[PDB]
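Only one chain is given next, in C-alpha cells, and it is the form deposited in one PDB entry.
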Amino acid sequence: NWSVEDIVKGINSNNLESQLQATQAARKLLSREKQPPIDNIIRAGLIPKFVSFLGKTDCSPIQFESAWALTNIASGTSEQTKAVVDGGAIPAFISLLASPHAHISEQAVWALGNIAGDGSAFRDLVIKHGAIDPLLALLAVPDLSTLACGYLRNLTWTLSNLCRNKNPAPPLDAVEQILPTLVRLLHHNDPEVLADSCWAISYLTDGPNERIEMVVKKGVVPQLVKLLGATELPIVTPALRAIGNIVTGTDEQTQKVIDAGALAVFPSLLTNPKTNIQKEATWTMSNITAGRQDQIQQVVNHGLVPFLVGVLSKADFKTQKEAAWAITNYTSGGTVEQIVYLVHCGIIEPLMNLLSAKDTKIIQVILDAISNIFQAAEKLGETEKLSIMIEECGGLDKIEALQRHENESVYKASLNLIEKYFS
C-alpha cells in the first residue's frame, strides 16, 4: 500500500527496476482500492511516465503494469480518460497490440476499449490512429475456439465499443471492415462473447435504413432470432434491441425478421417477467404492425393479437403505452377484417380503461385508434354496435370527460367522435 508520494519518488528515480516496483504499486492502488485515487495519480503527473513505459520492449513487466494502471485511469470519467489520451496513450497502446505476450496485447485491447467507450470523438480518434487492422489481426484464426476465453471476450468488448455511439455513427468504412469479424463472433458459443457481439449489432442497427441494410446484408437476422430465444437475459436483451432496431427500417427489412421466424418468440417475450423485455418486445410489435397488411396478417396468424390485448390490459405503464401505439398502427394500416378481428379479441375495454391515464400522448394515441376502428365500422354499417360496446364498458363517459381535458389535443377528437357516433 504505497503512498502516491512514494510512487512519484520511485518513478522519478530513473532506475528501471525502482520504476517497475513503483508502477506496480500504482497499479495496485488503482485496482484494489474501492475509491482508487485516480485524480491524485493524474495530478502527480504520472500519466506521461506510464505512457513512456508502454514502449519499454526490453521490460515487458513494466509494459504490463503501466498498461493496467492506464487502463484503470481511462475507465473513469471523461476527464480522466482525456488525461490518458492527452498523454499520448493511443498510438502507444496500438503499438502494444503487436506484443508477443498475450497478456500485454490483451491489456492494450482493454485500454483502447475504455478510450473508445468514452464517446464518438475518442472512438473515431482510436480509429484514425489505426487500431482496427491490428485488432482484427488478433482474431484472424480459422477457429475462434483456439483463443483463450478471457482474451476473446476482451477483444469482442473493445470491438463493440468501436461500433458504439451516434452523433456521429462510426465511419462507414470502419463498420464495413469490422462486420465480418463481428459476424463470426455472433456465431461463437461463449455467452459473454455472444452478449457483446449482440450489443455491437444493436448499435450498428440504431440508425438510418442504410446502416440497417449493411447489417442485414451480412445475413445475421437468423442468428439474431436464434439468440432472441436464449435462456440468458444478457443475450436476449441486446438481441431484442437489434431486432427492434431492424424493424424500424423498410418493409423489406422488417420482412427478413418475420421470415427468420421472430414472431414465434413473441408469446414469451410479451409475457416476460423482465419489464424491459416486455416493453422492448411491445415496441418491436408496434413497428411490425406499422407495416404492410400481409405483415399485420402474420401478427394475426402467430396468435399475437391476444398478447397485445394482454399487455394493454395489464403491464407497466410504459409497456401499455407501446401497446397503444401497436394498436393505433394496426388499426391505421389494417384491413376491415383485421380490424374486426382485433375487436373480437377484446381490445375495446382495455383501450377505454387507459383513457384515464395522466399521460396526454397515450390519450391522443388511443383516440386515434378508436377513430380508425369507427372508420372500419362505417364501411360495415356497424358504427352503432361499436358505440354500444364503448358506452357499455364506460368508455363513453371518459370521452365525455376528455372534452373538458386541459391539453390542446384531446378535444377535436373527443368532439368529433361524439358528433359522429354518440349524439
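For clarity, a rigid core is taken as the largest C-alpha set superposing within 1.5 Å between two forms. Positions refer to the first chain, counted from 1. First, how it differs from the form deposited in another entry.
After superposition on the rigid core, displacement of the C-alpha of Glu384 between these two forms amounts to 2 Å or more.
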The other form holds:
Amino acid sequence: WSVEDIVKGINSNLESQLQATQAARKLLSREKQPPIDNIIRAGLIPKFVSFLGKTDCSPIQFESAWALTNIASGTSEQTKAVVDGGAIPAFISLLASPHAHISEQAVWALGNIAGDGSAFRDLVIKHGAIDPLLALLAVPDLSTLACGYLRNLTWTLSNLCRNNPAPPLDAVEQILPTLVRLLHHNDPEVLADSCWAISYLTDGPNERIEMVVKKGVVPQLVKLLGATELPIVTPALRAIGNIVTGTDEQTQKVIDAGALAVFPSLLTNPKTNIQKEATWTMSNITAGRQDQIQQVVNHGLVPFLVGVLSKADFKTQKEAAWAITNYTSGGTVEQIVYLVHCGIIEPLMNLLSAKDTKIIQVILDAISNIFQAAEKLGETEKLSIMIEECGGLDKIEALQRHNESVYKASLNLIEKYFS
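For comparison with the form deposited in one PDB entry, produce the structure of the form deposited in another entry.
The text that comes after this line covers the one chain and nothing more.
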C-alpha cells in the first residue's frame, strides 16, 4: 500500500484501523528501504503507541508492536522517535500479556531500544524493565518455554549488559544469577548471547571481572571455548580474553580450569578473528608470573606461537611479538633461552624488515633481554652467530640509518654483541 491510504484508515476509527496498521507492518517488513521516515512524518507513532493499549483487541496490539519493533530497528533518530512517543512503559506493560507472542514482541522491541546505547539502556532500566523480564524466566525448567521466546529474552538481556558508563551495579548483580543458568542451557544461540552478556561484563575494572568469576563460570567458559560452533567460540574467547587481563589470581582460575589445552586448535584456527584474539590472550598470560610462564611452556604452546609469528596475517604477528616481549621480560633465564631452542629467532628476524616504527622496537626489546639471558649462561657467542646467519645482523645493521629511538636500540645490540 501507499502511506496515504494507511493514514485514511488509521484515522477512520476500529475494524478499519487494524487492516491499515496491519498493512503498515507488512510495508515495514519489506526487504529494501522500508519507508520508516515517512511513517514517522505522517504522525503514526503516537497511534501505534496508543495501539499497544487495546487489551480488548489483541490483533491491533500485535501489529502495532511489530510495526514499532521494526521502526526501532533503524537509526538512533528513528529509535528516538519510538521512545519519544511513549513506547517504553507501554511495552513494559505488555510483557505481562497472557498471549505469548505479544509478550515476546514487547521483549524484542525493548531489546532494540536498549541496544541503541547507554542512555536508552539505562532509561529502559529506570522504567522497571528488569524484574518483569526476569519474572518471565523464573521457571523450574527453562526448557518449559518456547525456544524462540527464550532466545529473545537472552538477547534482550545481553543488550542490557552492554556498553561508558557501565550498567548500574545493582542491575548487573540482579540479572546475573539468571544469566549463569542460561549459560548452561542446551541451545546454541542462547549460549552465544549468554557468552556475549558475560563478555560485556568482564570488560572494565578488575572489580567487574572479579564479580563474574565468583559465580564459577570459568570452567564452563573454557568448555564453550572448545565448542565446534563458531558463533559460540567467538564470544567465549572474548570473555576468557578479558578475564586474563586482570590480576594474577583471576588468571590462575582460567589456567586451572584447563583453558590452555584448547589453544593448539585456537592458534591454528582458520577463522582470522579467532586466531588473533587467542594470540592476544596469550600475550596477557605471558605478562604474568614465572610459574604461569612455565605452564605455557609445559602445555607446549611456545611452538604454536613461533608458528603464528612465522606465518599469519600481519596483525597477529604483531600480537605474537607482544606475547614474546612479555615472555622475555618476566621469564626465568632457562625459559627465555628455551624460546631460542624452539626456533624463535628466525621468524623474529624476518619480521624486522617491516617499516612500522612501533613493532620494530617491540621486537628489539625481546632480542636484548634474550641476549642478557645468553650473557648469564655464557652462550652469547652462539646466539650472535645465529642472528647473523639468518640475515638478522644486516637488518639490525640497517636499522641504524632507518624513528631515532629505534636506531639507538639497534646500535646497542651491535656494540655489545657484534664487535
